[PDB]
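Below sits a lone chain in structure tokens, taken as the form solved without the named molecule.
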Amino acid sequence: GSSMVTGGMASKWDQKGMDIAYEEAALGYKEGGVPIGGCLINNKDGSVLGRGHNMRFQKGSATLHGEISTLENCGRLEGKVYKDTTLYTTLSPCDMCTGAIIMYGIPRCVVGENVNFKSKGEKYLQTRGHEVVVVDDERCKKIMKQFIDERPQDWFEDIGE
């Protein structure tokens, strides 16, 4: 990426979005799955278009990462609806989830943390014209580290290793 990128500014809906994303990650964790959750919010009025969490174990899914599940839960939408929205995710996006954000033109991504995992997508989002904010949420870091430590092979599967 570029030496001139900078983290985005905070939005009035960030506490709301991160809290929903974390709640989804915790729900997934209690269900026996990967603790990664998210939600898509309209930056203009704070409305929640959808929310979701990873469904790899719940549904035997190779594509339902938390971010993809969130978008699936928003349902079919005209392209214009994704404009001026923020996708909240508890963990920095992989290359696939990053690609979903780019394809739909969701302009902003707020990331719970990038300590347990980070792909080239975090910077690629900025290269492609998207704003990224990493909030370093301790709740997210704790639950994700717990999963990685207790079920390493399951985590590796989620990121294709």
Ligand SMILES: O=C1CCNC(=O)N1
Second form
Protein chains: 2
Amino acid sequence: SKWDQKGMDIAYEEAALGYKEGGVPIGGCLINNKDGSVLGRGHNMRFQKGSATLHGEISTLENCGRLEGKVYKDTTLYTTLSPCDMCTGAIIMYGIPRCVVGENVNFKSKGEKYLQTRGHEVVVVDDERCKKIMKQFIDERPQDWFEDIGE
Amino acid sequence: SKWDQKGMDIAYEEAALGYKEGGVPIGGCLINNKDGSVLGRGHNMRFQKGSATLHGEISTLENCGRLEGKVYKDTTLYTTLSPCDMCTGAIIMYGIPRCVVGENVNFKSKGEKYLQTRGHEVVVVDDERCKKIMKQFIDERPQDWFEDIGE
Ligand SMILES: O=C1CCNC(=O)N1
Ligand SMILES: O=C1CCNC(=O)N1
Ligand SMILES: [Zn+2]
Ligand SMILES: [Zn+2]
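Given the form solved without the named molecule above, what does the protein look like in the form solved in complex with the named molecule?
Every component of the complex follows; first up is the chain already shown.
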């Protein structure tokens, strides 16, 4: 938990950057729990790259590059928004032990609790900066948001 | 199952192509159940693109491009190998109702059963061509395989 302010700050920075670029304002970063080093950071690239899979968490993992499985085992994935079922699956597959979530007010899937069933620790920070930026996007571009969650 | 021969054949062609390129031999395709049209096809791009997220199923969905959510609701995703937790999550997130699996002998995750608990139909075809090519990859390159599944 000692790196949680740092990780959510970086994830929010990515969400804000993505917002400026015209995309969905969701950002993340993967941090090594031991030394606080940032293995990678990213944001949703649906609009930036016409991508159906680069959600913020997925873009973050893609940006960390190829890694041996053991590296993920003592990391925390920070995401400004509670993970959808796909991102939840990614956290589970790599065995990232902790997921720190900015907010789960604008969105939540069954994945937040499935992570816990599968043994991961989930922390919801209830970060207002994250809530404000996602709420704005949802209010202004609802159709774009529904597409991002496959609705 | 009208389009199942068609879809698994395309998925296998993709798996064979990835094998030739030096990557993990897992392929897939997404088909519209109404007319049999192919929305997209792909294969694992871990080696080809140094990607931690492009498993065959994810690369297939990326290749279909941005789509309105309703499109996925009457499709079938063909994958030559039973889906990991991440690819399982993608299927659930987009609401793809049906997943046809080449084989689940060389690998099977908790996702095959999770898909069913979440209401999706899973059909395992037990295709010998898929089993053969994946058994070969695991035998020759065990370390690369463990990396592709976060172990
Ligand atoms: O997983 C979350 C949900 C939706 N979009 C995004 O990028 N991340
Ligand atoms: O989901 C499966 C598991 C492993 N790798 C891959 O590309 N597909
Ligand atoms: Zn997601
Ligand atoms: Zn997978």
